[PDB]
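A lone chain, given as structure tokens: the form deposited in one PDB entry.
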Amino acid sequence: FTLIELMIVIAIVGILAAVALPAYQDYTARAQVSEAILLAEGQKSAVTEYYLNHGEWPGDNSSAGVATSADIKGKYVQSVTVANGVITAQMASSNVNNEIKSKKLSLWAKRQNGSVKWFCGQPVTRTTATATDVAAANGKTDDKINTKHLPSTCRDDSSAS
């Protein structure tokens, strides 16, 4: 070989040392959102029992049978709230992933003639405790967990039935 080959080798070493990386932030966000999903999954029993024994969905954490929203917290979750039978979880505003800072995800259920189906996805709202339909959360806010930061199973629309 000669000097040109060595220079090319050094250039290739620099090229390899200055390479790019894929988007691992999405995977870390999914891993951190799994905790919020697990925390929100634990309030299903109380809401279901109240609905079965009273005929209407709970309107607040008080008669649902759970603690204050500010007390249901984890490493990356800061609040879990129940409103008209809908469970919503909010992530922390610091020491967490940048993409899922102060964002919300929701869980809700619909009653069938022989079963009760549960859904998971972007935030939804219910207007009346005796209603059977849901809609989108808001149009004047940006506190929605992106599709890229959710598992493929936890991607449901408000019109799903």
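Residues that one form lacks are left out of the comparison. Take the two forms, superpose them, and find the largest set of C-alpha atoms that agree within 1.5 Å; that set is the rigid core. Residue numbers count along the first chain shown, from 1. First, how it differs from the form deposited in another entry.
- Taking the core as fixed, the only part between the two forms where three or more residues in a row have CA shifts of 2 Å or more is 1-18.
Having gone through the form deposited in one PDB entry, I am curious about the other one (the form deposited in another entry); can you provide its structure?
Next comes a single chain, given without company.
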């Protein structure tokens, strides 16, 4: 070899050092959102029990049997709220992935004739406790967890049934 080869390998070392990284933030965000998925799944039993014994979805955390929304918190989850049978888990505002800062995801259920289908994904809103349909939460600001920061199994739409 010669000096040109050594300069070329130095340039290649620089290329490798300054190589672009994949969107590992998305995967870390998925891992952190898994915590809120588990926390929202925790309240599924209470919400389902109230719906079965009363015929209408739990309007608030109070009659769902679950604690206050601020109390249902984890390392990366700041709140898990139940609104008309829809379990919405909100991320933390700091010490979390920047992609999922202060973002929410919903875990709602639809009662079929033979089962109670459970759907997980972007935030949804049920108007009344007796309503059998859900709709997207609101535009407002970016409170929706991006679908790339959610598991592929947790990307259900508001129209899913």
